[PDB]
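Fit chains C and B with the ligands to the given chain A structure using the hints.
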Amino acid sequence: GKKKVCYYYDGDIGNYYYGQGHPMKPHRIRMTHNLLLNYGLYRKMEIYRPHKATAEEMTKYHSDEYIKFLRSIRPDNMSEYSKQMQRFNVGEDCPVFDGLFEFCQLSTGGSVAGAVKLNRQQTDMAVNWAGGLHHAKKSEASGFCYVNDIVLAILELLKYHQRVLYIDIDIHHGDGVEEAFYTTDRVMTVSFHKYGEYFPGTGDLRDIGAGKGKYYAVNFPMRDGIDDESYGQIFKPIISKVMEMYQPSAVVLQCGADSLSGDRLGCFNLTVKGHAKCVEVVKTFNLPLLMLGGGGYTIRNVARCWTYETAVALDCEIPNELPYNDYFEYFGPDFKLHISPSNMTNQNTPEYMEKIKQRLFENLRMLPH
Amino acid sequence: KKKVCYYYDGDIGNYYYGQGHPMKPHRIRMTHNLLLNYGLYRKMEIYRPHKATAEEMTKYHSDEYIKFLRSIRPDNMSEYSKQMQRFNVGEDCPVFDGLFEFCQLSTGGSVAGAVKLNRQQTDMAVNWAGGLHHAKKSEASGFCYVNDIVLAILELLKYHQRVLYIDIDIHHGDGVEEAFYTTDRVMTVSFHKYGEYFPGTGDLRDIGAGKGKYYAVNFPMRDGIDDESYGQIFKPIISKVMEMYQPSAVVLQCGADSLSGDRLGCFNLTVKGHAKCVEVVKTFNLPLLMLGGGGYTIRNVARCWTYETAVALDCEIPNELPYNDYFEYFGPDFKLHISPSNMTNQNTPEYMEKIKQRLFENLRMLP
Amino acid sequence: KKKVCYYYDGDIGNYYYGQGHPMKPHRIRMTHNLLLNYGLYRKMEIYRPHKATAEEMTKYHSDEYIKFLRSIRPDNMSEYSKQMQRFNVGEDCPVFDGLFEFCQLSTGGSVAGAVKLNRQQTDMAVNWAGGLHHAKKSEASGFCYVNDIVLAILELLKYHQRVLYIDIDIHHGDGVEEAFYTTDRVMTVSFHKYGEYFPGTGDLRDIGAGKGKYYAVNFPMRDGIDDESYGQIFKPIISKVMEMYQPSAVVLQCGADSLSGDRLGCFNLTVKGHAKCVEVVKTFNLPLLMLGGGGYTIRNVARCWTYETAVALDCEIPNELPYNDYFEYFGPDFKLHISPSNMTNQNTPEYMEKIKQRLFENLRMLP
Ligand SMILES: [Ca+2]
Ligand SMILES: [Ca+2]
Ligand SMILES: [Ca+2]
Ligand SMILES: [Ca+2]
Ligand SMILES: [Ca+2]
Ligand SMILES: [Ca+2]
Ligand SMILES: [Zn+2]
Ligand SMILES: [Zn+2]
Ligand SMILES: [Zn+2]
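Protein chains in written order, with the authors' numbering: chain A, 12 to 380; chain C, 13 to 379; chain B, 13 to 379.
Errors might be hidden in some of the hints.
As the list claims (entries may be wrong) - Here are a few chain C residues that face chain B, going by a calculated C-beta distance under 8 Å: (1) 70; (2) 74; (3) 75; (4) 170; (5) 171; (6) 173; (7) 174.
Simulated from the structure, these hints should not be mistaken for laboratory data. All C-beta atoms in this analysis are idealised placements derived from N, C-alpha and C, irrespective of residue type, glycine included.
In isolation and in its complexed conformation, chain A is listed as follows:
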């Protein structure tokens, strides 16, 4: 039926600033929140403020040295850390900014708090739009991400759940999550992403995991221009077969919005309804679900996408006409919730999508039963 949803938000998150010209804008999390307050979605969910996750929590995955660096580095001492910055890949895509460590603590705190709540069966669904930072690695930042809140939340779920399914609909390959779990069968990672001379460079469909994890990493490589009909025709079949073969008892869905049409950095052509169909599909399996944010660089569309996906999580129909809100002028010139696709060419032919699907289905046959 309808589920209990817990939602995490820190009202300070929107003030963190990556720097002039940097495309990652934590302000999109505050726009999302303001928009769903204005639709009245707060009546229907429990809103919690995340704690600041500690270094003890983050070193359940990341190295002590890397977490100590992240605690220590500031724009005023950068000059003393030129060597460490290189080692940990901080200082260009992943800049040093004021309050960097606190931003990581809040992003991480909502994901891990949501995993706790799920483990305690206090909620069916937990939402943390500030999370989803899937590129961070054990000892290095990558792709605007510093601490892998998803890996930490999955580790928390693995205390109570034998098998956890991770699904990643960000336009980029979820490489930090896949690498963390690449040799285990206790997390199956499934990433749909643009592949071919695109960041981060990994996620070929021939990357299937290794050792006990062989067959428990699933990658669906796509080309530019994918649209709702192409996506919707492979996502429900793949996720259904994964559910059937792997039988997870919890699910983590990264809902990166850089896969929408009109994204400043992404090259796909999904609408908000197309993207949100993935949430609807995953919800039908009725498993404990942690939904997380991710990329997304055209901020008016990020706010629309994550507002509508919160409404889907709540089984709540919201009108297309946007309510007035603090960021109303960002949504012009139409002031509607739903977006139109562009006329960009879809380089993903229907035969290509069916062929890749058939190749992954072969691999899913190799799971035990």
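Showing chains C and B with the ligands alone in chain A's frame:
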């Protein structure tokens, strides 16, 4: 009248799936012997098919799957347990002696038939050892290992812009539908039992994708359909398909597991009700490849396909079976035609009309 | 195993002839990525070509023409309108950015391969960016600007008294036949479509001049030739040529515009049928330089030259294509091999034998 080429290899009846397995290639040899005894050989050209090569099979199936089919043997299965799981071979699709050659003969007949139609050397080609519609690019399924129908249609597509595939086996022809699901050059039309039944696919809503949207047609049925209910949906559907799609060749899979008293099927058709489909298709005067399919009550398979060959040849044959090498199998009546059972028809009139009207709406979406 | 070295520059795919122009250097990059993903890099030496210098190019081409190619740019075309006319650049051989560098890289691979063959460092050298057989001493023609084949053959003739050139592009190899038409130190053998077709040369009766009389061989064909027909004349012609001429090196231009389905060509060869020519030439165990050539359905050019690279390596590769950077270009079937079309073969069996007999009469006139 019309010319009929017919394919049969005298070895096909010797392949054996294993003790207890319901698929019996010997039904093909029974069929052939009954038809020879009716004198239907005087009226058609009978050819022994060449064995399809492994290379011909890889026009559709994956190389690793075909190499596996060529390599696996009852005595070596312990070296191939991972590949058996990958390719779904070993249970319902067992490893048996000569498996690969059985696939070469069944495929050979279908492909040879398609070549004869492309060359305009015949009007109709018949391969009762064909019709193995469940096989997939890289997996066996439902007693089928190599999809001879797909390979024959790929061959027709060299010479025909649009090919229509019609499937009256009781099961959804899923391997054929999947092969062509994103093209408009092949329209697949399957009538089948649907609902907690193998293979699980063939929903009314599965209508194709991409350029193939509206070019896959499924008529899902419940248990107990009879000659009258089936014939009142088959003719109008196929007539409207012929009208809207205008194919230049037709492939008809005539799986006989939709007959009353089938060991595995739950339909209530007679031989006449099943063969009415062949008659309807012939009225459109298009190049036609007729293939076999399922059928597990082997005496009724031999009657069905004998009667359908006679329909192909426009020959009325007597209800009294001629003497033949299998005569005792047809006792105690020794008649060609069978009676339906008293099983209940669970397809209500409302149900049938609702499905037919949806399919007509889908057919109106064609250009 | 015979050793194979293969030339490829990663920038070659970025040269662009302009919107709507059928020649697409990107096909070279597609071919490269397919054979990487088949694993064939493990079996061969892969080199980056040098940029051939003006000094190298003027071993054949006029100084004036090379100086013009090294000067001409989209931004200065206005000032070179008379030279564009003189050198035939600006229409079917357009000016584009990097033109000269593209010529340098295509030529660099063929001349470098010939050097490797002369030094007995390899048995076969492959440059799929080469084969630009229409360029003339002082003019561009037919999308070709620098005749890398003529330059490679001049390098071979430093070490080899007699070099055989074989051209299976659908077009007559006119720039190469012209360069060598009055010498017996190169025999040129071209199979091509002839009759109101580019470049208009290559009649059966063009057999060379002077000391080169009888050292040019032309087999003119009509539309629709297929694998069966082509392979029945290629092997006996080449075998007789090898017997009578006894070359010590061979250059084989493998233009893929002779394939079925080519955007500009009218033949009906499959990848197997085209690649059989490579297998035949290899049976003579002579140093061999294999070069590219035309080909305008770029998915089938990548298939052809990938399979011919495998044939050079004595490697069978599966029909199922591996995943690769351009995998969507190979739908709908995603197989390596292609089917022929239903086009009529206008080359009758008597036509092929009669022309074969006429050529065999000329070959008997050799010492
Ligand atoms: Ca992804
Ligand atoms: Ca894993
Ligand atoms: Ca059926
Ligand atoms: Ca179809
Ligand atoms: Ca030629
Ligand atoms: Ca000569
Ligand atoms: Zn992203
Ligand atoms: Zn069946
Ligand atoms: Zn050419």
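> Can we keep the residue 173(C) interface hint, with Cβ of chain B closer than 8 Å?
Replying inline: With a minimum Cβ separation of about 10 Å from chain B (threshold 8 Å), the hint on residue 173(C) is violated.
>> Under 8 Å is the threshold here; is the Cβ of residue 70(C) close enough to any Cβ of chain B for the hint to stand?
In response: 4 Å, holds
>> Please check whether residue 171(C) passes as an interface residue: C-beta within 8 Å of a C-beta belonging to chain B.
In response: 5 Å, holds
>> Just to be careful: measuring from the Cβ of residue 170(C) to every Cβ in chain B, is the smallest value less than 8 Å?
In response: The hint holds - residue 170(C) has a Cβ within 8 Å of chain B, the shortest such distance being about 5 Å.
> At a threshold of 8 Å, is the proposed contact between residue 75(C) and chain B supported by beta-carbon distances?
Replying inline: Because about 4 Å separates residue 75(C) from the closest Cβ in chain B, which is inside the 8 Å limit, the hint holds.
> Does residue 74(C) meet its interface restraint, that is, does its C-beta lie within less than 8 Å of any C-beta in chain B?
Replying inline: OK, holds: residue 74(C) within 8 Å of chain B, min 5 Å.
> Does residue 174(C) pass the interface hint, meaning its C-beta sits closer than 8 Å to a C-beta of chain B?
Replying inline: 14 Å, violated
Checked against the numbered hints given earlier, this structure breaks hints 6, 7; the rest are met.
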